Amino acid sequence: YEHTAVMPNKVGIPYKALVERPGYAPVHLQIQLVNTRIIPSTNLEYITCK
Amino acid sequence: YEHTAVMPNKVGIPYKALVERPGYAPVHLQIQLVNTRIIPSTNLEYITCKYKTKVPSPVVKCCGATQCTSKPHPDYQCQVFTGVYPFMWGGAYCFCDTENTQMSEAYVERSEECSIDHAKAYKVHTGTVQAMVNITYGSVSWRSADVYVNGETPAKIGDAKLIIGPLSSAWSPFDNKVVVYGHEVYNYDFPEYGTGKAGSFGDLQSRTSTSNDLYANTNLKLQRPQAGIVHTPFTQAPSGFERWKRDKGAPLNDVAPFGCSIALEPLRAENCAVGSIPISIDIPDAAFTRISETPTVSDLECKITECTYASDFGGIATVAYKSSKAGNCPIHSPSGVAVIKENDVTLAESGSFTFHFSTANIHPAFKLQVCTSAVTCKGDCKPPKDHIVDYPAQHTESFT
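So the protein lines, in turn, are chains A and C. For the first sequence, PDB author numbering assigns the number 1 to the initial residue and increments by one for each residue that follows. For the second sequence, PDB author numbering assigns the number 1 to the initial residue and increments by one for each residue that follows.
Do not rely on the hints blindly, as some may be mistaken.
In silico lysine to any residue, SDA-like type, Cα no more than 25 Å apart, as pairs [said to hold, decoys possible]: (1) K341(C) x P26(A); (2) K161(C) x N134(C); (3) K303(C) x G23(A); (4) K303(C) x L29(A); (5) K378(C) x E20(A); (6) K385(C) x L29(A); (7) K341(C) x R21(A); (8) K385(C) x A17(A); (9) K341(C) x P22(A); (10) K382(C) x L18(A).
If you want the ones that stay clear, here's a sample from chain C, every Cβ over 10 Å from chain A, calculated [to be verified]: (11) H3; (12) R21; (13) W142.
Reference excerpt, derived from the structure (chain A facing chain C, CB under 10 Å, subset only) [stated by the list, open to error]: (14) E2; (15) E20; (16) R21; (17) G23; (18) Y24.
Just so you know, these hints were derived from the structure itself, not from any lab. Just so you know, even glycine gets a beta-carbon here, dropped at the ideal spot from N, CA and C.
Looking at chain A on its own, in the form it has when it is part of the complex:
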């Protein structure tokens, strides 16, 4: 029942998929990607200022 699901990247809205496990009662999802904060890999190269 490991519910794979392709899923649109969009933040503020749930994605209420449905678990179709053969044998027991299905269960809904409610997957709301409340945030997509990224944090790339970076390097402080130099501060500048006046």
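Since the structure of chain A is provided, determine the placement of chain C on it from the hints.
Positioned in the frame of chain A, the structure of chain C alone reads:
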């Protein structure tokens, strides 16, 4: 109504057949062959074990020879020796220098471990297989009785008389020749009593533990003690019981075919799931319900709702029960396609009650006999995802 039934040999799962006696209400079975312990015919041929060169203390004649004799001890190796000067606590003690004679003698004897830690050979014949068959029968709901396989033995334990086998699957997982060790059983071509080459298995070969006589081909060869000192060089192969514990073969409860387990107990080979057993029962007629007392269920309808194409009882199906009276109704699929968890279903006046089952064909077109009312529960099933746990309830694979 003596319900003959061919029946697959497989241990841990009921076989809920249905008694179709013409005239009275049918009754379900629940035949679970909880065990298939075998206990072939055998013979204790010889215990073996590792020797112990329990040396008798050598003679030392100081000036002249001491001829040895071949005493009847097992593998009584004895060899006279001269040319010693035996240092014993005061330097030497025998005042001669070549006439100093030393007679070494050593025989083989069962270890103390031979009584307890010992391999054990057997000539193994076929014997007669057994089972603690539970039937939670009908409305009887219980009997857990030990039975046989030979096809005329009843066992009137409970109320039902039941005749089993003979099974068609005569594979004794034991070979003809077997060695046995504590619990690990080896279907080994042990050489024989009386012959075993030294170092090889059965260098010591005692009939039993008590048996003072034995066969000890250990290649025990005494050598002369060194440089005029008292001791007994015994040059000998460490036992073929020493090896056979760390250069052995694997156990039959780890290499057998067709699904068996083993015990150093009556020498059974439990739970050997193979083939079928022609089983036949004589039910007590008192346990029957007459036909005019169970509800007639016809004008019904059956349909799957979520069929699981699987082993565990994942298949389900509502049934639009259309009864006449209200009560119980034993159920079964006379086709072996579908195996059902429920033997019996309770009924109000023409309600509906789902049951559980399991199948192997994508389109399960199996009849369902709801207490003398047949119905096709046609439909379609879904494969599962999660297959790593013990053995199935389906056991009905065929062309699909």
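Verification of the hints:
{"no.": "1", "hint": "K341(C) x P26(A)", "in the structure": "22 Å, holds"}
{"no.": "2", "hint": "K161(C) x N134(C)", "in the structure": "13 Å, holds"}
{"no.": "3", "hint": "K303(C) x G23(A)", "in the structure": "16 Å, holds"}
{"no.": "4", "hint": "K303(C) x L29(A)", "in the structure": "29 Å, violated"}
{"no.": "5", "hint": "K378(C) x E20(A)", "in the structure": "22 Å, holds"}
{"no.": "6", "hint": "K385(C) x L29(A)", "in the structure": "19 Å, holds"}
{"no.": "7", "hint": "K341(C) x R21(A)", "in the structure": "20 Å, holds"}
{"no.": "8", "hint": "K385(C) x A17(A)", "in the structure": "18 Å, holds"}
{"no.": "9", "hint": "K341(C) x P22(A)", "in the structure": "17 Å, holds"}
{"no.": "10", "hint": "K382(C) x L18(A)", "in the structure": "16 Å, holds"}
{"no.": "11", "hint": "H3", "in the structure": "33 Å, holds"}
{"no.": "12", "hint": "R21", "in the structure": "36 Å, holds"}
{"no.": "13", "hint": "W142", "in the structure": "30 Å, holds"}
{"no.": "14", "hint": "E2", "in the structure": "7 Å, holds"}
{"no.": "15", "hint": "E20", "in the structure": "9 Å, holds"}
{"no.": "16", "hint": "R21", "in the structure": "8 Å, holds"}
{"no.": "17", "hint": "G23", "in the structure": "4 Å, holds"}
{"no.": "18", "hint": "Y24", "in the structure": "9 Å, holds"}
Consistency note: the structure conflicts with earlier hint 4 alone.
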